[PDB]
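Here the complex is missing one protein chain, while the rest keep their positions.
As written, the chain order gives the labels A and B, with residue 1 at the start of each chain.
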Amino acid sequence: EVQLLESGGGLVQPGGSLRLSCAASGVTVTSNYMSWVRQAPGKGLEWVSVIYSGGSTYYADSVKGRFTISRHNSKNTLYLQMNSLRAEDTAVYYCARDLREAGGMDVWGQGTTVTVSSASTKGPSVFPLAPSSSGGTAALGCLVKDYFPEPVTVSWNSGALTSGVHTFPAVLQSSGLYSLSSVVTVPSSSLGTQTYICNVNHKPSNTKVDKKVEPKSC
Amino acid sequence: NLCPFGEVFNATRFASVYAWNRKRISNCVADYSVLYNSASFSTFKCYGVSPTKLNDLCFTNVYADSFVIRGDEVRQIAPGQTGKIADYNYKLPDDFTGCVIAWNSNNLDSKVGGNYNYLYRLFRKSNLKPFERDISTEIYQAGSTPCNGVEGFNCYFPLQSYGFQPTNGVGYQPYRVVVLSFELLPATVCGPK
Partner (left out) sequence: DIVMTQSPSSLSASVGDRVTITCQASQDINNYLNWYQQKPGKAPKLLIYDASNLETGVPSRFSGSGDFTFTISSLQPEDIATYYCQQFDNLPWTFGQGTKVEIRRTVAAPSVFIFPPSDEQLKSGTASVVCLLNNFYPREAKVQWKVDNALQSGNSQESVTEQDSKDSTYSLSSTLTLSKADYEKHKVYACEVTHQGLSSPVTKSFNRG
């Protein structure tokens, strides 16, 4: 039952405002040390802020007068009001419950990336990487081309195919937009029998698409 | 008749920070001359009164609270300061007319093997009210599942023990505290008389 689900924004543009959410499960926000920790795109963790249990707020110096933490136990959610947003603030943001000397941030969120840039949102275009060819054949996959901002998340069959899945990292196309490819390797016997839907979701564009890769011909 | 300052300062053992000991001091002549004249104190914060004319002032009622914390947490014993100690163990009123005296004490409150008898409060659902003493050991319910006295996940002990060891750093050495609440609201605790 333990879960820290995060509802956050994706794009706001510089000098804007946003507000993150941390929907809890298995814990209780109003009676726990809750803190936010962000990882900039430079693979380095950084402590952001905390609220304690009895309502004492402590923030890092880099986000001292701009950010603010709030909580509502009515919905058992935690928020981070990011006013006067900047540029280096681009990071994936995690919430956690820091039990301090009795365990340390035992339960963690999953990550909601915040991108700040003067550009505008762009939805993806999910094209299929068809299966063709025996013994060694071209596997299945789908290309999430032309999107902005990061990230996109590709799943297969709603969540029951997670074996040979290699959702490659994103590349910045020459048009300033992003693209990436998610490929899965499955046995040749099951291509005609199984169903293959790559579930793609680009929340900053509200795009939720499911493409259907089926063997082709040669 | 001299107010029994020595009874508190030079006492044998001090109480734990969560269950701090308050000594009501009244019906006596005040003698702050011993307090400032010691040079054995690490911290000497006096709000409202300066540590110079204290000996020549009258006071209606006086309270002398005392406890033991670690070095780093001495700063939180101040009106307005916040943290785990000023919010869950000892909170001072925001109109504190008094003094906050503290001195190092690694000789007295550190056992050769490590004294694990001084305890603080780690978890508490809310901050303390001014001059509150929470002597509850109810297993902390850090979730929605009822603990029913049993330990486990989201069922923690609201009090942790100070790892007071002589090898600990300066910030982790026991510092004894005596907080004098000087005046509020007859009168008796005087100086000139």
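General remarks:
One rule holds in what follows: a contact is a pair of C-beta atoms (placed from the backbone, for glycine too) under 8 Å apart; a residue touches a chain by one contact, two chains touch by 3 or more.
Touch with the chain omitted from the figure is made, among A:141, A:149 or A:204, by A:141.
Note that of A:67, A:79 or A:94, the residue touching the chain absent from this view is A:94.
Along chain B, the points of touch with the absent chain fall at residues 72, 163, 168-169, 171-172. On the side of chain A, touch with the chain left out of the figure occurs at residues 35, 37, 39, 43-47, 50, 58-61, 94, 96, 98, 100-101, 103-106, 108-111, 125, 127-130, 132, 136-139, 141, 143, 145, 164, 166-171, 173, 179-181, 183, 185, 218.
Note that only the chains that are shown with their structure count from here on.
Per-chain CA centroids place chain A at a distance of 47 Å from chain B.
Note for the complex: chain A touches chain B at residues 26-28, 30-32, 52-56, 97, 99-102.
Within the complex formed with chain A, the chain B residues making contact are 82-84, 87-88, 122-128, 140-144, 154, 156-157, 160.
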